[PDB]
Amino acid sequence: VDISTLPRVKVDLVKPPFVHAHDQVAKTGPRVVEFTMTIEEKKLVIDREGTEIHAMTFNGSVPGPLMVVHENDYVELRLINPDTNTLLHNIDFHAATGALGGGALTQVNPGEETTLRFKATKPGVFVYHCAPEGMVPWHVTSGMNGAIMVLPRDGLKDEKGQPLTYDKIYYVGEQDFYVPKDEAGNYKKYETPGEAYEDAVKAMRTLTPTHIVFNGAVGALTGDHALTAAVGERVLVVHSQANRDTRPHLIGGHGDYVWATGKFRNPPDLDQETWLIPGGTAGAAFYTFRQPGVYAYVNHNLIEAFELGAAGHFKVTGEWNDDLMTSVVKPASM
């Protein structure tokens, strides 16, 4: 095919956990979908104590934005590494085929840009991440990862082949950080990236994260930034973890339909309490809310959730169903 004969559509990305505009069922034939991301190395405060790290980001956020296309669209990404950064970066799409997912073709030094195109031949949610030869886990675990959703052209389907249509979508990126510690257990204070590298490596080799967070920081998806829904709304939560296994769980709900390893030509698993998303994968869970109130959404290693950061909230509006749950006798002495 002469790709130049296809429609081009430019996407304007949004910051997670929100997701840019798309149509579930494709309203056109295959397109070249044009994306731009600018790499930003920046300081980020990741916990309540004020711990500040040097993060490596796509588009300024941890995770990077969710990109959305349909099966057999072409993804055309312009990747910009401004001269205000100091490191070499690239990008690997798990949705793509060839050249280390794109990484072998997208190495950009500070002051460089590149444009990669690939055909999105398989439907699903997929991780993308930076992967510079010889320093791959350092970039990934500094926050340099996101996800892309490749929808089937006729949208999502249940285990029987009937449509599933979400009303809302959110993207939860989960990040394991390995902040170097001294022997007493305090995070080291690096009076450059090179000077940090060996103890970053040492810290990673412990295999023990210091922080495991959603949307880049402890508490990021809480308070004025809680996720929201109404009773009766159908919500898709895309969840990625580029480096380490996670086990999502909606406290007070379920995953009604879950693609735990994220690939839509497979039937979803029904009625999940908790699912395993392996490190290096994106998964997706669909739920119809049935009760109002606060929900937590967690990695159900509850130490990881409530001590290390892997917990967010939904605030859900609407009527309470006492058939479905009620306090028959409220807590009392007697």
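Under this definition, the rigid core comprises the largest set of C-alpha atoms superposing within 1.5 Å between the forms. Positions refer to the first chain, counted from 1. First, how it differs from the form deposited in another entry.
With the core held fixed by superposition, the comparison between these two forms singles out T192 as the only member of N186, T165, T208, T192 whose CA moves by at least 2 angstroms.
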Second form
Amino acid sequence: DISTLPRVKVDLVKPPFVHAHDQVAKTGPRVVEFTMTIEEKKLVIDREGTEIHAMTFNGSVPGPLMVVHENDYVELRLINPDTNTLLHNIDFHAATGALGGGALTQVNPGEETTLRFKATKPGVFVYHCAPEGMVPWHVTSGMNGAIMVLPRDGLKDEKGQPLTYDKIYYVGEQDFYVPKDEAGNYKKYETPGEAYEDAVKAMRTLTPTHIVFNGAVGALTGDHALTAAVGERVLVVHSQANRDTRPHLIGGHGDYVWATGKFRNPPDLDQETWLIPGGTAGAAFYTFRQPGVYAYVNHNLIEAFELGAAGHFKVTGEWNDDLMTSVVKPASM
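Now that we've seen the form deposited in one PDB entry, could you pull up the form deposited in another entry?
Just this one chain is shown here; partners and other molecules are left out.
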């Protein structure tokens, strides 16, 4: 009887940070209550000032990472304020039935709904908007995020021993299809419905104009670089709701990788690069061994360094010359 279970309210935080949670469940099954408010907003996605109408869950691209344990219930209050202009809904790939919830959560501006589902399968999963006849348009406008369903006993390695992360980050990777004039210039629009009328043609090229982490070129750099210390164990959750990606930590590895995101499977070990299919979340565990700057990319390096799918870590601590050293620094002899 679900009414006899504990209810716990969670306040979500902005990616790439993740709300506070316990890896090992410290209670029995609960009803975990989340509220997300839909926001349509203009977003500047590149250094050039290119502007799109973003369709967001909770004001961000990606939407926030939700975290529960296996056989908890997710209870989502989804709010579509009348300041928005479109009909939206939500499909959880973690959920079973009703198109992942999409059939039950269609909210017009001025409406709200509350969906409950049982998180029966452990892993990281995409969630995304999916309105009939407008699915790729909403998704590729940024209206996607992810949910992590932890095993009740936390994460385990390929031999059944614990893997405990010290830090967790959520990297949402977004393909955008910004329409262009005949010369190749990106268009801007006053409303989402104006933007929509060039969108299907732009999408049908299957060629993104931009591919970004955390909603913009350079978003996970500078004052917003990801951080760690030598010795720290970091889980990087990575989603792509519409298009394949191939994450890579430049100067590191994925020590343990669930490339298709599902924790009942043993992780792949020692990955350089892994394929997260479009429509999937994956997760990589790494223990930092060297200080300094790292880049974290989609390893189609064009997509990374030209189209925006690149962020940075800044890592503190002790350089290990056994692991790597410059024997003779660059010089002319």
